[PDB]
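Here is how the chains run, residue by residue.
2 protein chains.
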Amino acid sequence: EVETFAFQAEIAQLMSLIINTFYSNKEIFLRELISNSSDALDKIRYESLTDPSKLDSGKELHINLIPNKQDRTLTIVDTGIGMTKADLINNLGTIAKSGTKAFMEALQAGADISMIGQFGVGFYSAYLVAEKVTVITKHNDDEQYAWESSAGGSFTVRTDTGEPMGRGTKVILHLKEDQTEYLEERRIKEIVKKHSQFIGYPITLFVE
Amino acid sequence: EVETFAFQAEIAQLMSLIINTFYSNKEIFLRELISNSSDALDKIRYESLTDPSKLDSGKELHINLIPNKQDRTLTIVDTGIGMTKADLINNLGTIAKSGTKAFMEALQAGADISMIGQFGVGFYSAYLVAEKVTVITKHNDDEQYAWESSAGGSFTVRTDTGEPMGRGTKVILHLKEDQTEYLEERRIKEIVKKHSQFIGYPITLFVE
Ligand SMILES: CN(C)c1ncnc2nc[nH]c12
Ligand SMILES: CN(C)c1ncnc2nc[nH]c12
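As you go down the protein sequences, you meet chains A and B in turn. All residue numbers for the first sequence refer to full-length UniProt numbering, where the first residue is 16 and numbers rise by one. All residue numbers for the second sequence refer to full-length UniProt numbering, where the first residue is 16 and numbers rise by one.
Hint data in this document are derived by calculation from the structure and do not stem from the laboratory. Treat the hints with care, as some may be off.
Repeated chains share a single entry, so a pair holds when one copy, or any two copies, can fit it.
[Stated by the list, open to error] Using 25 Å as the maximum straight-line C-alpha spacing, the simulated DMTMM-like pairs for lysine to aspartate or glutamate come out as follows:
hint, residue 1, residue 2
1, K209, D71
2, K58, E146
3, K204, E120
4, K147, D175
5, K209, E18
6, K191, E205
7, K209, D127
8, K116, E192
9, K191, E16
10, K209, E62
11, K100, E200
12, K209, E120
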């Protein structure tokens, strides 16, 4: 069933910094997420070039944005490469120990938080707006897994079976109470237009 | 007693755009109001090199920011050139030397509300965050006056005797009920250091 792991101490730290530093520009989290999703989609397109079959698990390459106001969650969904259990656990297949260190080191010298994505660590900006993040992922070489954390220094990984999702990754944001603006359709289009306007993949925003 | 005026049509339209356009990046109002005070100050500093009895109503050339959570107001005070009765009506109530027209056409052709200062009408960015605005002002050549407007197409002007200020202008923003972040010390410092760090007069954030 559920394994719990500790974050490496540096990811714990950075996670803490994002949760606790006063920084009004919280919206940059979306860009960061949209920008992990594109990269993920680049990787599967890349691999399929030489191996057509990698798209048996789905030929469609795209990003959906799914707000749900009852659940108070904003789900960012791609049909990219996905993550094996190992990737999930490996920070997130991100180079996070070094990326974090450099990053905090750049934050000494006049970097502000929005540059997070420059360090391979954009993903953790989800915590600018989210109290808990669930990540569902399917990679072609592996089962479907749910990773999850409310920060606090730990994560869980369990296998996930309720709806097979084909191939790719769902990052579910359970929003903090004072951050429900990011479920508003005009708030979300405004963001995508302002930070993600030209991106190599179709972005669909679901309606309620 | 109290005189009531109509905004010149275009200004009425523009104030309507500021109030009604969906636009999340409201924090720039502070930048525009500060930069307005600084032009005021430049002016009195300039005028006073050829006539120094003009500083007779106050030598300090500074900007104050006074939040007040009871009244729900943020007030920007400068000890600048002030306005006469006439300057209030023309400068606040009519196109005057502003690029109102070019600003409104610009937003038609892709520009955005943050670029408002580029057109000399950035004072109306007050209406991003305020439901009502009162300007108390005092020029070396005139009485002290209160101008006021909750938009809806008109403004008032009366003499203001409760409270002589020497020389300059206070802009008091009665903040919308959901715009009270701009009363927070931490929020105010963030904004000034982001948009106003190079202003060339002391900017004092008063404490509550
Ligand atoms: C951040 N990260 C490690 C990711 N890896 C693979 N697919 C993803 N889709 C969103 N984020 C993804
Ligand atoms: C808006 N406007 C025309 C202004 N005129 C003179 N002094 C000012 N201080 C802040 N705004 C001012």
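Okay, the hints, checked on the actual structure:
In this assembly of identical chains, the alpha carbons of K209 and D71 never lie at most 25 Å apart, being 34 Å within a copy and 49 Å across copies at closest. Within a single copy, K58 and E146 get their C-alpha atoms no closer than 29 Å, and across copies no closer than 50 Å, so neither meets the 25 Å cut-off. In the homo-oligomer, the alpha carbons of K204 and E120 lie at most 25 Å apart only across protomers (23 Å), although the nearest pairing inside one protomer, at 33 Å, exceeds that limit. Proximity of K147 and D175 under a CA criterion of 25 Å is satisfied intra-copy only: 17 Å inside one chain copy versus 54 Å between copies.
Proximity of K209 and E18 under a CA criterion of 25 Å is satisfied in neither setting, with 39 Å inside one chain copy and 43 Å between copies. When the C-alpha separation of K191 and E205 is checked against a cutoff of 25 Å, the pair qualifies both within a copy, at 20 Å, and between copies, at 22 Å. Taking identical chains as interchangeable, the C-alpha atoms of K209 and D127 lie at most 25 Å apart whether they share a chain (18 Å) or sit on different chains (11 Å). With identical chains, the CA atoms of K116 and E192 are never at most 25 Å apart, being 30 Å at best within one copy and 41 Å at best between copies.
In this assembly of identical chains, the alpha carbons of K191 and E16 never lie at most 25 Å apart, being 27 Å within a copy and 50 Å across copies at closest. For the identical chains of this complex, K209 and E62 are neighbours neither inside a copy (30 Å) nor across copies (43 Å), given an alpha-carbon limit of 25 Å. In this assembly of identical chains, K100 and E200 lie within 25 Å of each other by CA distance neither inside one copy nor across copies; the values are 33 Å within and 45 Å between. In this assembly of identical chains, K209 and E120 lie within 25 Å of each other by CA distance solely across copies; the values are 20 Å between and 28 Å within a copy.
Going through the hint list in order, the structure does not satisfy hints 1, 2, 5, 8, 9, 10, 11.
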